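*Asks:* One letter stands for each residue in the lines below.
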Amino acid sequence: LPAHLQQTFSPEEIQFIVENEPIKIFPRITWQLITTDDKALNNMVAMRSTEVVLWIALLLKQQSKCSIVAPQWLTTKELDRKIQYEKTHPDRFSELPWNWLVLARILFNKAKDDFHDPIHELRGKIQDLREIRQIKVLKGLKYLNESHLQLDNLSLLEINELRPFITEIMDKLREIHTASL
Amino acid sequence: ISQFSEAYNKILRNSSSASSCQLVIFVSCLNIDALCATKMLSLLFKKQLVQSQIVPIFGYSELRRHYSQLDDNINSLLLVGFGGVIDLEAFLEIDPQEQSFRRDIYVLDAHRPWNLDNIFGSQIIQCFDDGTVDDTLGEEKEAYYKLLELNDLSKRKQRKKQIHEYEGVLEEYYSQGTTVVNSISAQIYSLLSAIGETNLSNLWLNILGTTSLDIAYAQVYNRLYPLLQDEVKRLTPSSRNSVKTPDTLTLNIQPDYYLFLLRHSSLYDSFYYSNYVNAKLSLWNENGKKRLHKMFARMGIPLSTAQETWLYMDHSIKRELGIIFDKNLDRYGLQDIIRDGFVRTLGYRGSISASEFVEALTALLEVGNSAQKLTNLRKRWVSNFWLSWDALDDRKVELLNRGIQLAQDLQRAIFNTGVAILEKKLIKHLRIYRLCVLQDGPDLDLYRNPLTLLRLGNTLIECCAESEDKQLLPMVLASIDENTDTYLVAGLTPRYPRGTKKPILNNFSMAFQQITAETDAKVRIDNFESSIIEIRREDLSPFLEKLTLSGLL
Amino acid sequence: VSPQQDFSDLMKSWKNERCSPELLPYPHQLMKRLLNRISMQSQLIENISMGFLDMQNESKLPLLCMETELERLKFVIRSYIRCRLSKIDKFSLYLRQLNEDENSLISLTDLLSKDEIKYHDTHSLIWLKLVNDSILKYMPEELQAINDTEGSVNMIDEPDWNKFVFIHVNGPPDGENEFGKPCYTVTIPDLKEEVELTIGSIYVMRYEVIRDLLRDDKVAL
Amino acid sequence: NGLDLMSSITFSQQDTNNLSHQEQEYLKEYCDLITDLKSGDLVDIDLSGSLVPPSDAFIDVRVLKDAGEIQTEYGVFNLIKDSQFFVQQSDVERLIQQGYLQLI
Numbered sequence: 003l004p005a006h007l008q009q010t011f012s013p014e015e016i017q018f019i020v021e022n023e024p025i026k027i028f029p030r031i032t050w051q052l053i054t055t056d057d058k059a060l061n062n063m064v065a066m067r068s069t070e071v072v073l074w075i076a077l078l079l080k081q082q083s084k085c086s087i088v089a090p091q092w093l094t095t096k097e098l099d100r101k102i103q104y105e106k107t108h109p110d111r112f113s114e115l116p117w118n119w120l121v122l123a124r125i126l127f128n129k130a131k132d133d134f135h136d137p138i139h140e141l142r143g144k145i146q147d148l149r150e151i152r153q154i155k156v157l158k159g160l161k162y163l164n165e166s167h168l169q170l171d172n173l174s175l176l177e178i179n180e181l182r183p184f185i186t187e188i189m190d191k192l193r194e195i196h197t198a199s200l
Numbered sequence: 005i006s007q008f009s010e011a012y013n014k015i016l017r018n019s020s021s022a023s024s025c026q027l028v029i030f031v032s033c034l035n036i037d038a039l040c041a042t043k044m045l046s047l048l049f050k051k052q053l054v055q056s057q058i059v060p061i062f063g064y065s066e067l068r069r070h071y072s073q074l075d076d077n078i079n080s081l082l083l084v085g086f087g088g089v090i091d092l093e094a095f096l097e098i099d100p101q102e114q115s116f117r118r119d120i121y122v123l124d125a126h127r128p129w130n131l132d133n134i135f136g137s138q139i140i141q142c143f144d145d146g147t148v149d150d151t152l153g154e155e156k157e158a159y160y161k162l163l164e165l218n219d220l221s222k223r224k225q226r227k228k229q230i231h232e233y234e235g236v237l238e239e240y241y242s243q244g245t246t247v248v249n250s251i252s253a254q255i256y257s258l259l260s261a262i263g264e265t266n267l268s269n270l271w272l273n274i275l276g277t278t279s280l281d282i283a284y285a286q287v288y289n290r291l292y293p294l295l296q297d298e299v300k301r302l303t304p305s306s307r308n309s310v311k312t313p314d315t316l317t318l319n320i321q322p323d324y325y326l327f328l329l330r331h332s333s334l335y336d337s338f339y340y341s342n343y344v345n346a347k348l349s350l351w352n353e354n355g356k357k358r359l360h361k362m363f364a365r366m367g368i369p370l371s372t373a374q375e376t377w378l379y380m381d382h383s384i385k386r387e388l389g390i391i392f393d394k395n396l397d398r399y400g401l402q403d404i405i406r407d408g409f410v411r412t413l414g415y416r417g418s419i420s421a422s423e424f425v426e427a428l429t430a431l432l433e434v435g436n462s463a464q465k466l467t468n469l470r471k472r473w474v475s476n477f478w479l480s481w482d483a484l485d486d487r488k489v490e491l492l493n494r495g496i497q498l499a500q501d502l503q504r505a506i507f508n509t510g511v512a513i514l515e516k517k518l519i520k521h522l523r524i525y526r527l528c529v530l531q532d533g534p535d536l537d538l539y540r541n542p543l544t545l546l547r548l549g550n551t552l553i554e555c556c557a558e559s560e561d562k563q564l565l566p567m568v569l570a571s572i573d574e575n576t577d578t579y580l581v582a583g584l585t586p587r588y589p590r591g597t598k599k600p601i602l603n604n605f606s607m608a609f610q611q612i613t614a615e616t617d618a619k620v621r622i623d624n625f626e627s628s629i630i631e632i633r634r635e636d637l638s639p640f641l642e643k644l645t646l647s648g649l650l
Numbered sequence: 054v055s056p057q058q059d060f061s062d063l064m065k066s067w068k069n070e071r072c073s074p075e076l077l078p079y080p081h082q083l084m085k086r087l088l089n090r091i092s093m094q095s096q097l098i099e100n101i102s103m104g105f106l107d108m109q110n121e122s123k124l125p126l127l128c129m130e131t132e133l134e135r136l137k138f139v140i141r142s143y144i145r146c147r148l149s150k151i152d153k154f155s156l157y158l159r160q161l162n163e164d165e166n167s168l169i170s171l172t173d174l175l176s177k178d179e180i181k182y183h184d185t186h187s188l189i190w191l192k193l194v195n196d197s198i199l200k201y202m203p204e205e206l207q208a209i210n211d212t213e214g215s216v217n218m219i220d221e222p223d224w225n226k227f228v229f230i231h232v233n234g235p236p237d238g248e249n250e251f252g253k254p255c256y257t258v259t260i261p262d263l264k265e266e267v268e269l270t271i272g273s274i275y276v277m278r279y280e281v282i283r284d285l286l287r288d289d290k291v292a293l
Numbered sequence: 105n106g107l108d109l110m111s112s113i114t115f116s117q118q119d120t121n122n123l124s125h126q127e128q129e130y131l132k133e134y135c136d137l138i139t140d141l142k143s144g145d146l147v148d149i150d151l152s153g154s155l156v157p158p159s160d161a162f163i164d165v166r167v168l169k170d171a172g173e174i175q176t177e178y179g180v181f182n183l184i185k186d187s188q189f190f191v192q193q194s195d196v197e198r199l200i201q202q203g204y205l206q207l208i
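Chains as they are written, first to last, in the deposited numbering: chain B, 3 to 32, 50 to 200; chain c, 5 to 102, 114 to 165, 218 to 436, 462 to 591, 597 to 650; chain D, 54 to 110, 121 to 238, 248 to 293; chain A, 105 to 208.
Isolated chain B, as found in the complex:
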């Protein structure tokens, strides 16, 4: 009996999910281990980038034995083209990593000192792109009908927050209408 939530995912569970996405790293180190699902790696070379899963990068970052790379889409100069492209298409939600909220929480807790110009900038940027996008969702949510919605490109977290609401009142709405014919 899962109790909470249960129909929607838990906010934590979507991080539990996203940490399964691989991203590049800069190992300080120069057994085996096969583990199960990793496939990697031959002993990591210091000052050499390589591709590994996230939860291990985070794990090895707590010990500061590795320096995570910043994603090419996580930058303020990069985000600028994205909010510029977002203000100008009030309908569509543009192009999203789909994890961007949760990577934006996770990579800022520890890895923060690795980013170039992380301070007081990107958080200001993504807290914004997580603003106009949210209100655009609430103003795109007036057009609700059964059964269709284009939620286009939308974050996993954004999906998860509003899920019970939409997929509940769709189940009051479509419920009268299917049944009245």
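These aren't lab readings, by the way, just hints derived from the structure by calculation.
Cut-off 20 Å, straight-line C-alpha distance, at most; resulting in silico cross-link-like pairs (EDC-like, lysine to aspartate or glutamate): (1) D:137 with B:23; (2) c:347 with c:336; (3) A:142 with D:134; (4) D:192 with A:133; (5) A:185 with c:482; (6) D:226 with D:289; (7) D:85 with D:178; (8) c:598 with c:554; (9) D:150 with B:190; (10) B:84 with A:160; (11) c:50 with A:195; (12) A:132 with A:119; (13) B:58 with D:59; (14) c:488 with c:314; (15) B:58 with B:23.
Position chains c, D and A relative to chain B; hints supplied.
*Replies:* For chains c, D and A alone, kept in the frame of chain B given last:
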């Protein structure tokens, strides 16, 4: 007696295992230095992710309950601030188990002199004596290699005469005052820099450690500023602000003041409760209280503006805060106020003076929280320890302020009652030394804690002597509420007015042990510190008479 | 057949499970090779952890890594089955009516786990036994049977195939079902005209219209 | 349930006798029912716990007036009021449900 890095690699090799680990680091006890030390220690362990137990010990007698009860798999032990005085080899016993002994108890202490049985005869230590007193210290060196293992009648008489010859000079040693050489924290940082960690909050832990004790002397600390300031120079958040910026945003040098709570309290209340200024200006006196206002008349600072909280005072007064004091304070003899201090700014929250933070933690330790009652109380202090431990963390500031709203109140208590004493002139000059007892007072609940009486005792020994000719004489205090006449009595040390020639080596430690060894009348060394003991009102008076004579100083 | 793929399919199954209004087939072919695999590595790590102490008069990292990993994947399936058992708790009756009927596929050894089947029958049994000595004594003659009257109803519910589920469309293109303009799939709702479906965009609809896409794993949930 | 080493169903469910015995028979039969699921895996579970995913993976537990030491499994954590153990998520899951541990 070892390299810090190498003692570290030892505590590494005996540590990590299946199951992990096991080590219990003992944080002890009520001294803020302990926190300062063991927090950067614990963070260092978390770095290599080495499992640990951490115990809040209060009583020295209490340690026996722990070490004798729960130990199973623990091959490497660590202890803090205990054992420098009384040896645990006899106290715990040990009983050697399995050379290359399985368990290594590290003992970190700032207290001197070390116990004789400790450093020589390696069993449980692995001593931390390094590097402060190395020394020699040839007096302890000849104490053993001679003693151990030690016509024929003249050679026997010669031998015995030599034995007593060493025993006399040896008796000079280990009978002596307990005085901290250097803050244990500093050394943990010396151990830490060899491993290569420069971490900022770590360094702040060092600053906290050093500034834990400036309330009481320095003594070497006056020369510790190089060893800190250089480190503050070994790093920097940004070459120039770049206001603020919201992150790093770190500690910096500012003209800080022994003045009390300048930043988190109203200015006037900040002079009026400050400890150094209580003294020179005679603030317990109504006639002297005015002299403060004359200070403000000299500064041109409104009385109404002095009453207002420091966050909100006008900007002009802030920019002139470092000048006006130079223009004026010099005239009142208050010229020693301005230190070069350390202040860490969290930015949009505020800033915090190195010292004031320590006032917050101390504040936390006593408040904001027949043997069953004392155990339960000491227990309440044990819980309260963690309430104080948490405030060190950066991520929770919300409770740190709960400390400060207390730190103010305590003074408002302490000062008040402190004045309640000087009105009755309760000081007994006696002959050999100064002595006092509080027979009655408001809210003795605050005075239960050793450290509360350390600070009241401190403002009082500071008040009585400016100096104030003549003869700085150590002070004695006593208080009672409940627990059936426990009458806690703490030893104290004299305060020189910033011109300090000698350490002076508190002698109450010895004078108390002489009485425990005489009639031992309800005398209890149960508190971890040699200066502070317990007594009963039945036996306190004969104890006071036996305290008066024979005077060891 | 690769470990990573079995895992991706495990995650896929887990999400598809917590999303959908109803129960899904029990995937034994995989879940059993993982239930063997973890029994292997959990023994292996304790063996290497115990052999490690022999070289001791180094680096705990691959052991810590490994162990954390095993905590994560031993969490995953435990969420899975702890969820399915709940949906069995809700659908016990429906499943019973699904079992008594011939068509189409009953519980068997497939639709439920060889472990789950026990949970089902025993729970069902002790439940009926509870309500039996509690409120049916005192037993209505028409209400002797737990099943449709009909109305209302009962249970029956809830094989609800119309409920909404967020769906994200993914799968290999041949360049099967792609009719343009962007891509697969149909759709053809009964009540409405096709949208139809675009692959780079998540589209919320009923579970019933998409159940076949779900079977093919051409759309994630 | 409750949880290590369950090891028996006791002191739980403050309703106790106030709740009907007819339900309690169902209940004891039900936890007896789940003991078999515990006995199939072999996973292992460890199922009753860890509804919330491990991170990462070591935590800090602050004692909450518990005695102690009752930590026999794996190792003798030697429970001691006013003592925090820098212990892995493993035994934390099991011991937090009882009421010993407090801050994760």
